[PDB]
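A single chain comes next, written as structure tokens; it is the form deposited in one PDB entry.
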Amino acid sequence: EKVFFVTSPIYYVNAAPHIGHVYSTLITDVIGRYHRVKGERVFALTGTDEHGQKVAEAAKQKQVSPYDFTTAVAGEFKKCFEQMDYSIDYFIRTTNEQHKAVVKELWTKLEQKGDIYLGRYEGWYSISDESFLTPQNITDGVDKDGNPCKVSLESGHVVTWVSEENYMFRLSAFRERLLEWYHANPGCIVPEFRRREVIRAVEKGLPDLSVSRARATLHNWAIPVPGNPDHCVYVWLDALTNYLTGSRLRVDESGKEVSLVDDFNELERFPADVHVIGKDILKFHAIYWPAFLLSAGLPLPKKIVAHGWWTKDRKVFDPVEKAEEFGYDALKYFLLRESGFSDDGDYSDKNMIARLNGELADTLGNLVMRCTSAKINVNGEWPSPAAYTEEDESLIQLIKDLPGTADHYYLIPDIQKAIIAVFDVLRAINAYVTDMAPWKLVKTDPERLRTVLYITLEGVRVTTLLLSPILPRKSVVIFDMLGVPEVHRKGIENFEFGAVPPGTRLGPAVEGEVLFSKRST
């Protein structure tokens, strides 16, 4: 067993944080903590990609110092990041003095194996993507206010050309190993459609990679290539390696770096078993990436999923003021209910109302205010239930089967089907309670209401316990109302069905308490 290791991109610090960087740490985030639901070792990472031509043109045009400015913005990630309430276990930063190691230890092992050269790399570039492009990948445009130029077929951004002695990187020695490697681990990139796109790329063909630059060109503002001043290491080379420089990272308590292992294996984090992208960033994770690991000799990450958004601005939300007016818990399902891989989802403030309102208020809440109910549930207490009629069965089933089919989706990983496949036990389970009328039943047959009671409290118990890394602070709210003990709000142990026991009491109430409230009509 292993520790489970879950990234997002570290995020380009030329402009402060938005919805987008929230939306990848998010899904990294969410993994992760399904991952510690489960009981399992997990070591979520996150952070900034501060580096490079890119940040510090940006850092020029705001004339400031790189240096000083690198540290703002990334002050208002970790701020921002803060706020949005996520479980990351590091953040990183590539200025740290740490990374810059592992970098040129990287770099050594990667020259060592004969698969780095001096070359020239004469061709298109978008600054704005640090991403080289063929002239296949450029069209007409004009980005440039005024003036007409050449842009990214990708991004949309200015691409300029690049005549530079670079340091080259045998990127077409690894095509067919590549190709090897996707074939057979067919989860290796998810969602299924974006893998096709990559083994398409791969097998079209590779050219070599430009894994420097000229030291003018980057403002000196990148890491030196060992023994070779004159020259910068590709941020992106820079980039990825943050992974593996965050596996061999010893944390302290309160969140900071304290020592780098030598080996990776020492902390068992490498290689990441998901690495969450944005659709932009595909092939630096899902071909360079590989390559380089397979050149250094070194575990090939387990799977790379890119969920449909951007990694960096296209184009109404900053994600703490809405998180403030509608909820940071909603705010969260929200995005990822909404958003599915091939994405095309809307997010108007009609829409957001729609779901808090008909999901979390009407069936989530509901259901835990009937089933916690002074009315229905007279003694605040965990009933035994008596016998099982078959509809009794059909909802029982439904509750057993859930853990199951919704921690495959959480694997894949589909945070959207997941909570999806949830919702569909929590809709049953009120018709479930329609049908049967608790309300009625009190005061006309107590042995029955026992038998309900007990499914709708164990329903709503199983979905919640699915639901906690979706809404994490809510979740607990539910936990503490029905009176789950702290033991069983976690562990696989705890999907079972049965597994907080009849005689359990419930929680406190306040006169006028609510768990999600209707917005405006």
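Positions refer to the first chain, counted from 1. Only the largest set of C-alpha atoms that superpose within 1.5 Å between the two forms is called the rigid core. Compared with the form deposited in another entry:
- In the core-aligned comparison between these two forms, the C-alpha of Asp346 is the only one from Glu97, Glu122, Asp346, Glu324 that shifts by 2 Å or more.
- Taking the rigid core as fixed, one finds a CA shift for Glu253 smaller than 2 Å between these two forms.
- After superposition on the rigid core, the Cα atom of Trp310 is displaced by 2 Å or more between these two forms.
- Superposed on the core, the two forms differ at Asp145: its CA moves 2 Å or more between these two forms.
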Given for the second form:
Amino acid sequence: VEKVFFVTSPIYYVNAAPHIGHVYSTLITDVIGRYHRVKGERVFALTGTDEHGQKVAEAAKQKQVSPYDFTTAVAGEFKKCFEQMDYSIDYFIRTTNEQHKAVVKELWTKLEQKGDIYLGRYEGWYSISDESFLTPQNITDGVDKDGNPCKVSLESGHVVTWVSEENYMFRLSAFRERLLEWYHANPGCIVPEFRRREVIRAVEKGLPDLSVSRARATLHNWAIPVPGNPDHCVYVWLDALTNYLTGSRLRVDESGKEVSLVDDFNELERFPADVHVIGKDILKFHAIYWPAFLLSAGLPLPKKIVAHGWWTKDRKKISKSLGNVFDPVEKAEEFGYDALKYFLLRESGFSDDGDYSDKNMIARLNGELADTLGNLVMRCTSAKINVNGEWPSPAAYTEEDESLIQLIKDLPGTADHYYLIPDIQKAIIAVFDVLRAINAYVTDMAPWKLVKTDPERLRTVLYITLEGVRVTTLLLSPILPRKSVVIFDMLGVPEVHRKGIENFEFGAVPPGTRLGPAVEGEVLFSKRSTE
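If the structure you just shared is the form deposited in one PDB entry, then what does the corresponding form deposited in another entry look like?
FYI, this one's just the chain on its own, none of its partners or other molecules.
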């Protein structure tokens, strides 16, 4: 089936200013989308803010201003942050959006008409901070804003409160068997595999029904009224997850504003999501609740959920209160935007909780970006080595030559598979293995000596090196969007050859193609010292 490739980030709570986690989640969403665009597919990448709920309402009361004003301000900080980060997200959705509210009421009504919503009670623990229902097994003793004996979440250490309310209940218990068939029928639907095994384990045990409304007073009336019952507000998470459906139904003008909400998702060809990017902390909502609502509603399920780990800086937890900040915009202004993105995507894979340090950041920048990639691009474009500033016509290939060409021919297929898992770390590693090999070959052939000893041999070496750099750069273009463009400009690659699977093939740029012009004292990535 040919559709718009639909990739999403979570929509983030606006209780506080944007930080590394949100930037990271959205970066992953952005990269996946960028990769599919270079394959020449239609893409719709979505991000946004989760604006209702007790959490956010209470954060706005502590700042002493109205929820409308608070949400709008912090939403503006998220937008500015994501604009500053230089993503290519197609739409930014806000749950306060009036068209989103409409979609929630449709979905709610669908679940009701299906017989999957009844009036009951929830008597149990709740984490306001995580907007999450918890069982006694998932709580323990801790301390509060005072240092008094309270209870807290085992998942996140946030304070939990006991809740005893008449609530509308969704019949989650009835979807155990269908969710299990879904996980087994699609054994790559949740990534990484161990997180997938976690979900199955939990659903195997049993599922209780889920509260999907709350008494209106508890939410400080900052939520979507339940259709036909204004005493209840819709569960912030049922509201939030619906953003994926809403976004799938919004037509967006060139400027980025929503102009229209279609009746049927099939109209825009986006739903269901091909990949939901999320953090491990919200897996249950996406892998258990969401598919269950969708099955209830008769809507198609997503194809993949990819769930990633948390970040630390210098092996310490990130918190401005604890005196350990990690400002991405600041670190990007220092070391470069593409470099920072590279590091975040290279340093840790999804199954791990990565660790930033200035030490390790400078090591990768210098080692991989400058010494391996940058160095190689300057060599094959240098006036010393490439005396005509053109793509030379290759002569006969040696066996060594071919060993390298084979690695390059194989690289796209391999990088492709990793991008589609998705496993961006392994895609990057694959590309740089090929880059290390090209460097080894260039050291080995010593083209600088060939300039005078064997010009005919130089043509071959130089052509392979150029083509290896082009192909590796193309495949890195979702990771280094701006730098890939500089590289292609230096290689003088025509625009048409900078995307499309046609240009994954070795030899797509003809000999005779002219290099771009040099600039006095230019460098791709410049090295930073070890303080």
